[PDB]
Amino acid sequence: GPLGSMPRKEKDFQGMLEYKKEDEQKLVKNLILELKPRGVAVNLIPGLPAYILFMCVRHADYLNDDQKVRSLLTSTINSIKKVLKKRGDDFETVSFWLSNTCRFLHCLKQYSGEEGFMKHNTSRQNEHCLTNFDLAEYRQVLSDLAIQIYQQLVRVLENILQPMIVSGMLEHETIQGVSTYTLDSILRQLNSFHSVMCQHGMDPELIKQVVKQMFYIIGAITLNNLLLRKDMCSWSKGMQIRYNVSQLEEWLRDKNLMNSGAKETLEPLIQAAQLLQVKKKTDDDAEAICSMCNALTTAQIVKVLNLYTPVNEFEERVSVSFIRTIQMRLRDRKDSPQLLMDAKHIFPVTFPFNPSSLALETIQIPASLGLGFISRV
């Protein structure tokens, strides 16, 4: 039936989107620069802007149009940087663009046509692979861009967290008979950060990295305050920290994040709290401290013992002899000289490939996005 029949059947959409060269700057403006992150569509389908962008890349490749391909990827990358500069003080917008930049990168891989990335693809998804261009070079650029966005997300979340840490982990006291933010404030805030990331469809492997980084920041700020303040080094602070850490650990358990590396970053703080609790008088007490505090430096152990504030009914001041016993024993240990931890340290981030089951041929364009000048192919 190669000739025409009536009625004429509507075409079967292939999951591509065409646009006119003259409309490129409008396209990125509407889909990136002035896109509302709280829009219904882009939250019902997390990563929608990235998918739409990819579908557009797809049509340009289909037409074997190298010039349109180059121009679109360059506009897409520059616009993402643009919106990150203007709006990057806000956690929501940075989480949103980190997630869409990752999804865009994942799409470039999943539909590259390279066999190594096609492994979880359906037959249909494989029909959607690029056929004319190798975009490996652009992927590296997007990954570097994603590294920069992550570092900004960490700066944003640190600025929200930092004022809560000391107050929440150290200063709130309820213990009786033994001598503003709470632990709940911190737990709620971690919950909020994590809920937003999940709702944005951020990679679970990336979310795990963000969580490890947030727990590192908690532990480092808290421990640095113990090492600078006499009033924070006491048996009862030790008990309160021990409990606060247990709740943070239970947050990890509840969210199934026990593999994020988050817990392990608390180990110095944990051992400091334990040190505040143990006996500090005899040679045996000293040996036990040295073998217990394997994750603290000699400088940190010694500092805690010097600052230690005794409650006389229960204990005494730590003696100069005892500290000298600790120092002699720790001579055989080859430790780091650090006293304070670097609370600004950022673990290097990775973006392991996370293919999607979304079927591009089922995507439709909502009017709200202001993209009527685009058409489906």
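Positions refer to the first chain, counted from 1. We call the rigid core the largest set of C-alpha positions that still match within 1.5 Å between the two forms. First, how it differs from the form deposited with the partner chain bound.
Per-residue Cα shift between these two forms after core alignment stays below 2 Å for all of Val311, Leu340, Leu63, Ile346 except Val311.
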Contents of the next structure:
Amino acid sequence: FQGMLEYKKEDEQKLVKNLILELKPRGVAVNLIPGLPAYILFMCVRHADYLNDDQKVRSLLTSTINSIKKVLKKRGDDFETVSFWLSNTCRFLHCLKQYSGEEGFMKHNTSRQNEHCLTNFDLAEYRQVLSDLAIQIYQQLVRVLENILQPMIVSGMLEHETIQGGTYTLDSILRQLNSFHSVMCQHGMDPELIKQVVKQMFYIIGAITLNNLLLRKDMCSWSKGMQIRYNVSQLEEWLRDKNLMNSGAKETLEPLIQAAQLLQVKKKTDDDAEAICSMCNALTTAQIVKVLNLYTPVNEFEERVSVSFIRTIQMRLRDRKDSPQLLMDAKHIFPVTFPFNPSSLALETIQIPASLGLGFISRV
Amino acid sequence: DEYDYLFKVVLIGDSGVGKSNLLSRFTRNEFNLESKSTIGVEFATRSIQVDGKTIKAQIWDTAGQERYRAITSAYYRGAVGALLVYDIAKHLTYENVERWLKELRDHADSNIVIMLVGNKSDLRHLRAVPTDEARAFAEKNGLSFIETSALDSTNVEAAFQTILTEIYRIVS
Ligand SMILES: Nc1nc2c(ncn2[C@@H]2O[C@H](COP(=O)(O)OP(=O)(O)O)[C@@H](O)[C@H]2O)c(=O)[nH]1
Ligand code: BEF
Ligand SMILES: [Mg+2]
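Could you present the same protein in the form deposited with the partner chain bound, rather than the form deposited without the partner chain shown above?
Now the full complex is given, and it begins with the chain already shown.
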């Protein structure tokens, strides 16, 4: 087989409807191999390119992009939907690059895959459109997951006490994280993207937790410091279990970790002051002084942080040149970098299941 | 993950004897030659099988330093096991075992399972604490005994396996 897909011009809207507009992420045939709609879409583009039909190439690509935009505008607040079409848009972009005919994108191609490259059309401009589209989808993905995690963080990371041995707990957050990760993995999202999403989620957890520390006196004690450190340790072990220790997610928690440490360490002598300054390099001077100010003990034999100690801290942190930041922007989104991940999938072997409702498509 | 038992285990002993690396070796198979003094309290978990049951070890870690009594109380609170660690190449850390035993008796439950651990057994050429001397002290004071090397991993799994099993014998 050639590895193309033929369809009548009158069936283009029918094609985009079932494959994009009304396609279900949890489809049995869709969960055989990842990115199947993306592969099917590209196989049609090849035939259009093979037919030297510039009008069909233009219409199909236009119908494709607009159909993806439509689903994400309708089913906007669904994680699985956004996750699925982020994965497939990227894979559709992968195909357009991998089979572009450009030497820079064919370094990992087989001899037969190179025979499947486009021969008549330069779709460089269309690849830029999808690239920018992919950015918007990722942005939308982050917003959806942020809206779910945000109400769980304060209750689960701070208020719920377990260190001494319905509302949200740490396990609630852990379960939600597992759900997010499992869905993205099932869709076969690029691992580079998954890691960036996880990093984004951990920053959200860290920033919101740390902001509450910097705003609440009833959260600044050594006991709370221990609780926070344990909670973070659970998040770290989740990262390790999921093989995500290179995602950057752990490093985003470093300001929170050092704040939890600051709550626990001694705060009286000049050695204590020097230790604090050497320890809190991921916290700003304003943040450090704030925690020391908000530090409200809950036992009898322990005194509050003196004004003399705080002055000592500010004196030592005078020569440091750091950010003036106090509260963190919990809404901040790290700029996403998109990988190019060509596959070994042989287009001539790809079959189209009957459950997709695409029988009108001829396999060329 | 699921478990049948949750055992809180604490690590105690002089600074530098290798408590934190025993933790890292057991819970994540990692070791650091350049590990620094532990700040506040650290935590790590691992589940093992004992008598067909899943036992989740919740291991607490802290520096061998002086601190507010309330923090020490919180550290020992609910602990069912304890690794009392010294450095076989540093006799002073073994001499101070009595001090840590005293802290144990002052803060821990009377039925806490205690294992005396001689760490850094890889430093054979530098041994300052005879195995027979330490074992005799352990037996005399109702402690289990083992020598480990967090560095080359010798007996680290066995140490935790044994103390978790002895706890299981008591609480199951
Ligand atoms: N040779 C050797 N060195 C070790 C061993 N365990 C720990 N160390 C070293 O001893 C130093 C103190 O270790 P650490 O775990 O931080 O001691 P802690 O204060 O009890 O937690 C570190 O430099 C470790 O690399 C061991 O089994 N053998
Ligand atoms: F210095 Be160790 F952590 F006791
Ligand atoms: Mg330590």
